[PDB]
Amino acid sequence: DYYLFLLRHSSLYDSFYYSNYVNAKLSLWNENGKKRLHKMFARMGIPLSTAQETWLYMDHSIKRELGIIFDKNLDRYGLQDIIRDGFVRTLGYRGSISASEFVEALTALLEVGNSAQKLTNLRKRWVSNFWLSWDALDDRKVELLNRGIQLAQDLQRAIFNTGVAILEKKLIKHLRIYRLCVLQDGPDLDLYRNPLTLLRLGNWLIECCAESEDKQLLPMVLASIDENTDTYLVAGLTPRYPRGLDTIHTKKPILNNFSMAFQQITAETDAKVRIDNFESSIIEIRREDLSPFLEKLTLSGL
Amino acid sequence: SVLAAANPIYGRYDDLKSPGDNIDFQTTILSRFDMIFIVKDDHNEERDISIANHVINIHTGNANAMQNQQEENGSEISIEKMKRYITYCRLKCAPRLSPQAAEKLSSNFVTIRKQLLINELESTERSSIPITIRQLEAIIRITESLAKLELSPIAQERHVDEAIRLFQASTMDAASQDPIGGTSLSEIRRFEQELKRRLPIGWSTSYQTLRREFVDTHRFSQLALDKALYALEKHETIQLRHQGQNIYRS
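Residue numbers (the entry's author numbering), protein chains in the order written: chain E, 323 to 436, 462 to 649; chain 5, 518 to 699, 706 to 773.
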């Protein structure tokens with residue numbers, strides 16, 4: 323199997339387009355990335371109109387020869403790390419599924435499904476979504492998995508649409524210690540109230556930043572807005588090494604000091620925060636209180 | 518069913534001009550129609566602010582989220598479900614009237630017909646928008662459609678009142694919309716002189732006294748009431764409070 327987004331349920335073109343690793347390696351957010359992708363397809367020999375078809379109806383000959391085509395074409399452009407070995411589950415005549423696709427569907431179904464009062468309502472909706480995802484586990488239900496797959500596709504589209512705008516507007520401010528980015532305004536901001544959706548967006552941004560020529564490993568701070576509450580949901584993210592690296596420079600994973608910094612600043616200043624999430628690196632802060640807090644985080648020992 | 522869009526002559530309705538020479542449609546064509554709505558433009562900057570806000574929101578950057586919530590909060594249904602529901606209702610239900618509704622419709626029709634005659638005898642020209650038995654059939658059909666909406670096998674007063682309200686709106690907006698079209708004016712200036720002379724700022728008098736005085740004189744009741752309510756329409760020195768009894772001079 324390959325590091326591809328729903329390969330067996332979407333077209334091969336959409337899979338290559340929305341795959342995060344290929345996005346990072348080929349800079350698909352501008353037009354040169356699309357030109358290089360069309361170069362990829364032309365050199366492999368798959369017709370564009372053929373590659374824009376569903377995997378079920380896509381041609382049997384190239385389905386059989388896909389492995390050899392990849393092995394012979396992907397060496398030039400540095401994508402040879404996409405090939406891996408995965409687990410495939412088949413039960414009856416319903417079809418075949420893979421672990422990566424299953425976990426993507428589960429995560430999407432967790433994300434989307436169905462002051463203090465509205466916070467409680469949001470947490471209750473999250474609990475209900477958890478129950479729905481739990482119920483979807485059994486093999487007797489597949490309308491609760493097709494919906495998850497389509498929701499995963501929609502959420503990945505939305506994340507890509509927001510990330511390209513962030514990258515082109517260059518909102519990533521580079522400080523001396525850590526990078527900072529704040530989503531002040533935009534479309535569909537109401538989706539990012541979910542911590543897992545925010546983490547997905549941050550993971551894509553981290554991959555995009557790591558797949559660059561910069562030689563600085565700095566933590567990234569991401570914030571959002573929910574106008575009904577007038578609060579900033581801030582998440583701290585650790586840097587990541589490129590997936591194509593040896594194990595010698597992997598003595599220990601990068602540690603996360605954001606929770607410690609947050610708790611120290613909260614214990615020394617009277618900020619109107621609410622640190623209650625199980626993930627200690629995700630906090631809720633006030634719009635008026637963010638900026639001084641940030642300054643403190645800048646001036647404190649990390 | 519025919520749904521027609523039209524523009525009046527000279528672009529904007531030009532209410533200063535007479536209604537007769539603003540519409541070029543004959544009486545025959547207008548009678549077949551039974552719901553005619555005059556959409557006049559207005560300026561008070563508050564409706565304008567609201568419309569500007571709505572358009573800036575309805576741009577694709579925001580509405581694409583907000584409208585979605587309308588299918589998530591149950592406020593609105595999708596178009597295809599509406600099509601299915603409307604074809605199902607068309608196929609299944611066909612309501613019927615009740616004698617009390619018939620009496621109400623008969624009385625309302627007599628009232629509107631008498632009002633039309635009242636306007637016509639003053640304007641001394643034929644009305645540009647007619648009221649016929651076709652209009653009574655139209656109100657009956659509107660009531661039947663309103664009852665058909667909720668699959669009710671019988672139509673009652675709840676739907677009749679709404680149908681009459683809609684018909685009254687579509688009538689007062691177009692047909693009875695300023696029927697005068699703008706003794707002559709000699710009595711008007713004479714009547715404007717006395718109230719300035721005889722009634723100073725801040726005091727008030729009973730409507731009965733003035734009506735009695737200017738029916739005793741040559742003005743008579745027909746000239747006074749129109750003059751009184753148009754002095755009110757001028758709205759710069761005349762104000763009504765306390766029902767129709769207190770003629771307050773602002």
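There may be inaccurate statements among the hints.
No more than 20 Å apart at the CA atoms, straight line, and that leaves these computed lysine to any residue pairs for SDA-like [stated by the list, open to error]:
no., chain 1, residue 1, chain 2, residue 2
1, E, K516, 5, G578
2, E, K465, 5, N590
3, E, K465, 5, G578
4, E, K471, 5, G578
5, E, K562, E, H521
6, E, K356, E, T509
Here's a subset of chain E near chain 5, in silico, CB distances under 10 Å, partners left out [stated by the list, open to error]:
no., residue
7, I524
8, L536
9, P586
10, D593
None of these hints come from the bench; they were simulated from the model. Even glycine gets a Cβ: it sits at the ideal position worked out from N, Cα and C.
Taking the hints in turn, this is what the structure says about them:
Of the pairs offered as hints, the one joining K516 (chain E) and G578 (chain 5) holds, with about 17 Å between alpha carbons and a cut-off of 20 Å not exceeded. Distance hint between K465 (chain E) and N590 (chain 5) is fulfilled; the C-alpha atoms sit about 15 Å from each other, no more than 20 Å. Using a Cα cut-off of 20 Å, the hinted pair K465 (chain E) and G578 (chain 5) is violated, with the two alpha carbons roughly 25 Å apart. Proposed proximity of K471 (chain E) and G578 (chain 5) is contradicted: the alpha carbons are some 29 Å apart, above 20 Å.
For the suggested pair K562 (chain E) and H521 (chain E), the alpha carbons sit about 13 Å apart, so the restraint of at most 20 Å is met. With a C-alpha separation of about 18 Å, the suggested pair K356 (chain E) and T509 (chain E) falls inside the 20 Å cut-off, and the hint holds. For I524 (chain E), the interface hint is violated, the least distance from its beta-carbon to any beta-carbon of chain 5 being 34 Å, above 10 Å. Taking 10 Å as the C-beta cut-off, the interface hint given for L536 (chain E) holds, the closest approach to chain 5 being about 8 Å.
About 32 Å separates the beta-carbon of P586 (chain E) from the nearest beta-carbon of chain 5, more than 10 Å, and the hint is not met. Here the hint on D593 (chain E) is broken, as its CB sits about 45 Å from the closest CB of chain 5, past 10 Å.
Going down the numbered hints, you'll see the structure goes against 3, 4, 7, 9, 10, while the others check out.
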